[PDB]
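Participant: Chain residues, written in single-letter form:
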Amino acid sequence: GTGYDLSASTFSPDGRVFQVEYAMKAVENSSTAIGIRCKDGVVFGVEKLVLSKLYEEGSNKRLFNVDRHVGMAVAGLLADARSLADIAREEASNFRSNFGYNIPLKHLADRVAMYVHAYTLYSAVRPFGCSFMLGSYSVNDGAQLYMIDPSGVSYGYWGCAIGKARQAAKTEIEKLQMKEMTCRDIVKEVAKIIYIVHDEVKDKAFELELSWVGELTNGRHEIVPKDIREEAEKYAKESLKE
Amino acid sequence: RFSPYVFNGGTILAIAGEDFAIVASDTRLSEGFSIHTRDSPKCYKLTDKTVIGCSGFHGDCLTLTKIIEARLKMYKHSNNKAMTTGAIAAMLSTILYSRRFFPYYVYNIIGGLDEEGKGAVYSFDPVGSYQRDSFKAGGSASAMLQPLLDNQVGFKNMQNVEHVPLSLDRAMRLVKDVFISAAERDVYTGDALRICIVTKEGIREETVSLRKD
Amino acid sequence: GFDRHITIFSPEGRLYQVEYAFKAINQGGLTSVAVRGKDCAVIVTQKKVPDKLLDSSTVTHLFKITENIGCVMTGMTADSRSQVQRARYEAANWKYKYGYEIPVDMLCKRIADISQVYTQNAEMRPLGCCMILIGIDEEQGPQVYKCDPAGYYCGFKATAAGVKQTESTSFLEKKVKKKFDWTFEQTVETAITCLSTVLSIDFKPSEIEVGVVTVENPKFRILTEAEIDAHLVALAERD
Amino acid sequence: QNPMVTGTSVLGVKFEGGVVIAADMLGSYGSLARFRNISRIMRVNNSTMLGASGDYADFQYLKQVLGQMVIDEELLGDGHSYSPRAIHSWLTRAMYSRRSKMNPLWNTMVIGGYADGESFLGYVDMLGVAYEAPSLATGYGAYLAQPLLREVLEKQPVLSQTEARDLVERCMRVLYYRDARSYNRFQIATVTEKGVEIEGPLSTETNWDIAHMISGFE
Amino acid sequence: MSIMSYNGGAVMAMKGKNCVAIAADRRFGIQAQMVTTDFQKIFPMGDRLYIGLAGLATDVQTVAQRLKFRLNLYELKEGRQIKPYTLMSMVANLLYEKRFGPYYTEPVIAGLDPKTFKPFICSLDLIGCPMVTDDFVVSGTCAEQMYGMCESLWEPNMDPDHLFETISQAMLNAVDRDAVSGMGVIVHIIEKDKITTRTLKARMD
Amino acid sequence: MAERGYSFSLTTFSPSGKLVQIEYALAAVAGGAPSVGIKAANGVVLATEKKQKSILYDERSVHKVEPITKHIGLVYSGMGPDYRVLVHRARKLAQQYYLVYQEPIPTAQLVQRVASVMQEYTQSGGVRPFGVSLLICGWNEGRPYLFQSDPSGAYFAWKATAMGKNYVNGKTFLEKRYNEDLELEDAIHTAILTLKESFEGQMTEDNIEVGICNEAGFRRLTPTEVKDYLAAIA
Amino acid sequence: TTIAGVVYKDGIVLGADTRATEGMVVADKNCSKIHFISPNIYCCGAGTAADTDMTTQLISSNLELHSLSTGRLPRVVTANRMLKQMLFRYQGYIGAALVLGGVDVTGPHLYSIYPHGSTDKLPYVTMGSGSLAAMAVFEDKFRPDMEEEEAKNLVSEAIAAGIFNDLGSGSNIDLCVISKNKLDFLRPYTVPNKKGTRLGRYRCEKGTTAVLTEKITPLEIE
Amino acid sequence: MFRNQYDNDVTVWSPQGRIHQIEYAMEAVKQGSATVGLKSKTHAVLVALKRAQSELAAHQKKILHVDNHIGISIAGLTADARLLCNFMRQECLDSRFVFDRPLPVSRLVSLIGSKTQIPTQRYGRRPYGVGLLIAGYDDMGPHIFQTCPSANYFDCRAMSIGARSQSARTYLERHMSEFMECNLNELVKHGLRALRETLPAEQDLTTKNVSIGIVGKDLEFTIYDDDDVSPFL
Amino acid sequence: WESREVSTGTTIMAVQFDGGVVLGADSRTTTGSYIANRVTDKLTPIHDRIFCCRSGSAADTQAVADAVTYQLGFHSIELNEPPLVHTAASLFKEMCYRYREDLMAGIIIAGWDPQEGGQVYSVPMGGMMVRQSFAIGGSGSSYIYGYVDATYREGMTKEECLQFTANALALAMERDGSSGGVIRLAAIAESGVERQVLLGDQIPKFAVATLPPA
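Residue numbers (the authors' numbering), protein chains in the order written: chain G, 5 to 246; chain 6, 29 to 241; chain A, 8 to 246; chain 7, 47 to 264; chain 3, 1 to 205; chain B, 1 to 234; chain 2, 44 to 265; chain F, 1 to 233; chain 1, 26 to 239.
You can take every hint at face value.
Here are the computed distance ranges between Cβ atoms for each label pair:
1) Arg-156 (chain 1) with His-111 (chain G): 18 to 26 Å
2) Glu-103 (chain B) with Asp-47 (chain 3): 19 to 27 Å
3) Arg-4 (chain B) with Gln-166 (chain F): 36 to 44 Å
4) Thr-67 (chain A) with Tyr-75 (chain 7): 47 to 55 Å
5) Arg-122 (chain F) with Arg-115 (chain 2): 41 to 49 Å
6) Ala-2 (chain B) with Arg-115 (chain 2): 37 to 45 Å
7) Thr-224 (chain B) with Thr-67 (chain A): 46 to 54 Å
8) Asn-86 (chain F) with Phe-35 (chain 6): 33 to 41 Å
No lab work stands behind these hints: they were computed from the structure. C-beta atoms are modelled at their ideal positions from N, C-alpha and C, and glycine is treated no differently.
Put together the whole structure using the sequences plus the hints.
Facilitator: So this is what it looks like as structure tokens:
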């Protein structure tokens with residue numbers, strides 16, 4: 005006995021508790037999501053592993069919305085992410101009406117940041133084991149991308165990625181342009197990255213999922229399915245087969 | 029301040045057979061000298077050969093009706109078994125006895141058929157209370173119509189020479205005749221007349237229009 | 008004694024758990040230093056990143072608590088950010104209620120009491136952070152107050168932060184004999200110099216983050232590159 | 047609760063291709079024209095339209111709760127569900143509760159819209175009485191205007207002869223002339239089966255003999 | 001008539017040199033119907049300190065008992081005596097709580113401190129404001145008249161024997177003022193060596 | 001939780017019949033910088049040592065003597081944060097209770113309140129008692145003064161006492177030297193000597209803090225004033 | 044009563060009229076509505092006596108707590124706001140017109156509070172039942188560049204005008220000069236008309252009064 | 001070891017980050033009865049096995065009429081299930097009062113989930129150890145969901161709970177394509193066959209244990225009970 | 026309201042121009058011939074860009090003003106840069122609505138930001154939040170309505186606006202009311218906030234009175 009799995013309201017010889025490290029191991033144990041921000045907007049893309057044919061998606065995904073201007077994606081356990089999220093939209097909404105403004109991305113983050121840190125000080129409520137990726141395009145500020153960790157740490161990003169693949173993805177991402185052309189071009193590019201990432205994950209099929217907040221979307225949050233998803237896929241299939 | 033009492037009631041007539049019942053009502057709804065709406069009954073089919081009508085105010089009338097319907101659904105879920113008329117009769121009263129603090133009210137009547145192969149009609153006061161009927165007219169125009177209705181349909185007063193037993197057909201003729209007559213004596217009766225006819229086959233509705241001036 | 012799910016009085020005289028907060032309070036390699044003059048009070052920090060897939064225009068460890076007051080935090084990030092939010096509310100409230108400005112010292116003492124209770128609970132731990140308060144008072148002049156999360160706070164002639172504090176202390180004492188002989192900028196220069204010796208890094212324009220409090224202004228400002236480079240250039244000339 | 051800054055006369059009808067609504071633009075404080083050219087038009091969703099009369103402060107309060115309804119749930123909160131028959135009921139319940147506290151509101155509202163095949167035009171009042179009728183008018187309009195409108199809208203084939211706007215336009219002129227607690231400007235909005243359209247700032251038209259007989263100024 | 005007047009009553013205190021005096025009425029009836037010519041409305045707490053209360057009788061009984069509770073416990077904790085001043089304060093705090101309610105009482109404090117050897121008097125109001133009295137103190141419904149008499153009759157130096165005449169006549173004048181027939185009165189004459197109690201002879205109906 | 005946790009106390013009856021946590025606090029007390037108190041009868045003297053350990057300090061910033069009231073003052077040995085907090089609650093209670101009344105504070109009553117707060121924490125769990133020992137110093141009239149308050153919750157009267165490191169040894173020195181009539185200036189000389197004997201790391205006019213209760217209660221000595229006494233007899 | 048405040052460049056003078064009235068009869072000839080809330084923040088209070096005292100005691104308490112915690116000189120503006128906040132919550136019952144004055148290193152400041160919850164700052168202020176009479180004299184009489192003696196003469200006149208014109212005010216006048224270098228409480232500055240007259244009454248022993256019951260109680264414990 | 005440790009913490013996290021509580025919960029679903037779920041997506045059927053403890057008893061129901069357009073089969077202990085069912089009926093009642101709409105069963109299922117999940121996220125709550133196959137006929141057709149006491153909500157076109165669930169799954173995948181968007185009759189036959197796969201298969205088919213329940217385009221909630229399944233056999 | 030009632034003329038307006046907004050208002054509050062309050066401000070900084078005109082009862086208005094300041098102060102430090110528009114307006118509304126009928130506030134909130142320019146919002150007693158081209162307030166409006174109708178000026182100059190407010194307010198106080206004294210003004214621009222003060226003897230003999238603003 006270590007004497008501190010039992011707690012979650014105290015210090016340890018490692019400082020923070022073992023329970024908090026573990027929550028960080030579990031997100032990495034999940035699938036793989038990336039995000040790329042640009043000057044015209046921000047793109048989200050996520051890999052979903054296929055289980056069997058019986059099943060079908062219709063309310064359980066991995067891409068989630070916040071409000072009606074905010075895009076949300078996560079790694080970790082599905083049920084818990086959904087629980088965090090329903091409350092966030094609601095908290096955002098009371099603000100939205102009350103101050104009369106359409107909430108910032110930055111303010112939303114602060115509100116979530118504070119919740120998670122409070123749960124680390126107590127042993128009443130075990131933490132979430134998710135990592136949440138959020139961001140959009142603000143009409144007068146730009147695109148801003150943030151990622152919040154279960155480790156009580158959050159930052160503003162040009163790219164962020166999570167999953168088993170994390171290290172490797174950030175390397176490829178790191179290789180590319182700051183501007184990265186136009187958003188549309190990025191839809192194709194992100195698809196190559198996922199396409200190639202899957203050779204490393206391949207034990208069964210996958211489904212490619214892409215989303216966007218674009219200048220053309222006019223800052224709203226929408227999914228990219230349709231022919232648009234398929235072309236980016238064809239371009240990856242031509243280039244390599246991996 | 030603002031009112032805690034507004035009238036809106038019509039006039040209705042409930043007639044009890046011994047294997048059927050009819051509950052008939054004007055569509056005209058008014059208050060005073062301005063007309064609220066030239067349509068809509070206050071008689072409704074609750075279902076399963078129970079017909080109900082709540083005279084007093086429209087705001088109260090919809091709300092009671094909706095609410096009862098859930099208690100019946102819940103009950104059946106709780107174990108398969110349904111309220112009888114009598115059961116429903118107690119259920120409305122408790123609601124009213126609560127509402128004795130509430131300042132809006134209604135004059136309710138329930139009708140349907142028993143499994144004794146005859147009608148039961150129970151009528152409530154707007155404080156609670158129940159009584160067993162043979163026939164009841166409710167609403168505004170009721171007070172004037174009823175002695176005559178009691179005598180023509182009934183023959184149970186100490187002022188008639190004979191009896192005759194009811195017939196459905198005969199009940200229908202009398203009902204139309206009372207309403208057509210009611211209309212030039214009120215401005216709470218008029219326009220059209222909606223008849224709910226209750227039999228053991230099922231619930232039928234008939235409509236006939238009346239005068240207006 | 009039993010640290011296992013409770014914290015008690017011990018013959019140890021301290022608590023293993025309180026020491027552990029003192030020990031790991033940084034998990035990176037930043038170091039900080041703060042000096043006080045009568046011309047300025049300056050805090051010098053770093054800017055460092057691991058990659059460039061990250062932004063650096065929102066990344067900061069210097070907080071503007073309010074116009075007059077500034078706060079640099081040494082602590083776990085989660086804990087540093089929480090405490091700021093709590094403080095921001097408490098200050099504002101003190102302004103509303105009293106109608107007058109909140110003294111720097113007053114905040115440090117108030118916050119200290121909040122730390123202390125948590126030390127009594129064996130159902131909750133204190134936040135892990137050392138908070139350095141700096142400000143310009145009109146009631147004693149500029150003021151520099153450091154807190155530690157034992158409930159201890161005190162005002163110092165200058166102080167240093169990071170894991171190499173004692174090493175920085177040695178330079179500081181030498182310096183602190185004479186420091187009222189420094190003019191404005193020359194305060195700043197010396198301040199850069201003592202972090203560069205410890206840390207053993209001759210700074211670069213995007214690695215350093217000097218924050219200055221300025222007397223005869225209620226400004227706390229982080230300095231522009233031109234001024235920051237002007238200093239850096241200034242030490243070259245004496246080498 | 048009690049009137050403060052109030053609006054009167056909101057007229058509406060149903061027609062083949064839609065529903066048509068018209069309302070003046072006034073915020074009177076008894077008789078002082080505090081606001082001239084003030085909206086009363088809340089688009090609900092894009093396929094339903096609420097015209098509101100009564101207290102203007104109270105109106106603002108209600109607009110926000112309506113606003114929360116679609117910025118929530120995975121899909122939009124007035125998207126797949128929430129039909130106008132539902133939106134009507136939801137509104138009626140809200141009056142009902144206030145009246146039960148006897149801390150009341152002070153508005154009469156018309157919810158107008160299209161369902162998916164059928165015209166929706168439904169009434170709510172401070173009394174809280176709920177109905178659907180093909181013709182509605184509020185305020186002064188409820189007494190005076192509504193028998194003029196009724197001749198057209200109680201005869202169902204004659205409705206079918208035309209798009210309604212003209213009856214509306216005409217009534218509103220008679221209304222402005224007889225009442226000077228009303229203002230010369232109005233807005234008219236049409237909810238069609240798939241679309242919604244607002245015609246902005248109009249002023250009453252000057253009649254032939256009627257203009258000589260009666261004017262609109264004091 | 002009022003919320004204090006159903007049984008009326010008046011109370012006087014006058015100061016002398018080297019002594020103090022408190023005089024009061026007695027009578028209890030029920031409304032206007034006199035049943036008995038007794039009812040003390042003055043109580044003392046320790047020999048020398050006297051407290052006279054003037055509300056409704058009902059109120060008076062409850063208030064006198066409250067002051068006992070408080071004072072005894074207070075005395076116990078500090079473990080040394082209470083002063084006259086201390087009693088005055090205490091009354092104020094109690095007076096403040098009753099202000100929302102229909103218990104309205106006028107107290108008057110009198111006593112001569114004999115661990116300090118100074119005379120002490122105060123009056124207190126039924127809205128709770130303490131007003132430190134001098135030379136004469138009034139209470140009762142008759143107060144306007146009573147005040148008139150006290151300003152006239154007093155002379156700057158007084159001996160217990162002169163003080164006795166002054167209060168007696170004051171008391172005599174006072175009983176004629178009652179419409180409630182408040183007949184019977186007591187005097188207590190206080191010295192820091194002696195107390196005299198006198199019931200006085202007066203009109204009888 | 002938010003109401004769960006440990007309802008019973010950490011401290012527990014032993015088959016010893018001693019209270020473990022309580023025992024530890026005598027140790028907690030032990031660690032304190034040297035403290036003394038002399039009652040000059042007409043006056044009162046309390047004194048302690050400010051240790052110093054970082055040259056980096058400002059002013060004479062925080063004290064170790066704070067005024068509760070204008071008539072009573074506290075000084076202590078034990079843990080500093082506990083002291084600040086202890087003073088705040090009491091300080092609040094002293095003003096509120098004695099502005100209901102206009103009478104000035106009796107000494108015993110403050111002691112009764114400090115001990116209760118200390119004792120409730122012994123009764124209840126979740127929170128631990130404070131591990132400080134106080135010297136309640138005041139002046140008022142012709143009453144006795146100079147009182148001691150334990151982390152135990154117990155109180156005692158004294159004429160003289162000592163706290164801090166080597167408490168037993170200093171008290172034995174104190175016992176012999178302190179007798180009969182003395183003067184307020186004289187009591188200060190002695191207290192410095194008794195503190196020096198316990199330990200001197202040095203003494204300056206900033207290693208010492210002396211306060212007295214005499215004319216109109218508590219008065220704070222100037223730094224020069226004390227220094228005059230150091231020269232008056234080192 | 045009438046309470047007034049006049050500010051000058053090296054201090055403030057506050058003055059008030061001493062007199063408590065019940066009915067048409069005088070409840071207190073001598074009384075004191077000059078209150079200590081602080082050693083440099085004073086308020087005079089008028090109105091309901093019971094409301095005035097209760098506030099003085101609460102506020103004094105709150106301020107005193109602040110004064111020790113901070114270790115610095117307090118502010119009057121804070122004292123004004125703690126009073127102002129109180130009135131808004133009760134929503135009326137209180138009938139106290141207070142003139143809160145104070146001298147600081149920040150300047151002399153002078154405020155009034157009206158039980159409605161309204162306060163203002165003016166170079167001179169007065170409240171009283173007498174207020175309307177004093178105010179007429181004041182406007183005329185006020186000139187800027189006042190100093191101590193000029194203020195004092197003006198303030199003394201000011202109270203003297205309220206005594207004469209207002210029938211519910213009478214008796215002695217109290218003045219208090221608050222300087223940021225000294226405090227002076229001026230006990231009866233003017234002494235006008237007296238309490239009553241001797242209309243005769245002579246004395247004789249206890250024996251001339253027929254007594255019902257006589258009793259003793261020796262008191263040996265003082 | 002530390003088996004008792006992992007029971008004692010409902011806030012448990014291990015080196016491998018597993019949560020044992022969920023694990024326990026899964027074993028409890030497998031302890032229950034046999035139930036299948038099937039849909040064509042224009043009709044939906046569920047064959048459910050209702051069993052009896054002994055000879056002199058008669059079978060206990062595991063098909064619950066939750067509503068007159070929505071319903072469930074339970075698989076796990078009877079007592080907890082009753083408690084959940086009241087909450088869901090009342091949630092249907094206010095939908096009817098206020099909104100007068102049935103409300104998507106999809107929307108409903110998701111809401112119930114949260115309220116359970118949050119007490120696992122803190123002190124108290126043991127697992128409820130009943131899994132469900134929830135059916136209902138909504139606006140966009142019938143839909144099928146599996147609710148788990150792990151609050152794992154999934155829509156499937158067919159599913160199964162009961163020991164040897166996998167067996168029947170493999171047959172469902174095989175026959176999956178044959179199901180199409182027609183025939184009532186066919187779905188039931190496959191179910192009767194499939195249900196045989198779930199059982200040990202030494203037990204022969206019986207008409208007293210089986211029970212068949214349908215909802216479909218013009219259908220609402222109906223149960224075929226005992227002998228009544230023989231007509232459709 | 027709590028224990029006052031005003032029965033005298035009030036006269037306030039904010040008038041918009043290119044650079045921003047200029048605010049004017051009378052000074053002194055009065056209840057009757059006896060002077061309730063002497064020459065005072067109600068042109069209040071609750072921010073450096075954000076000012077208000079208070080009207081009605083003094084006690085209520087003072088309380089509202091500090092309360093907003095607290096909220097905006099917390100809001101400013103963390104979101105950064107406050108615009109007037111949705112954000113000031115709602116916070117004042119909620120209170121007016123909640124405190125309902127025990128509240129008497131007529132506020133013109135006027136602000137200048139480079140974010141959308143200057144704005145003018147008017148709190149009536151119902152607490153409607155209305156963006157106005159420019160607004161006139163008070164009871165004295167009734168006197169000014171006619172002037173503005175007659176003149177029909179358009180086009181703004183800092184100088185032109187200063188005369189406009191000066192004749193209107195001056196007249197309003199003259200016929201009725203017992204409000205007067207000083208008229209005080211703030212022209213709010215990117216320069217900063219400029220304060221004008223005009224004596225009650227320098228404020229008559231003006232003209233001009235725009236109604237179309239373009």
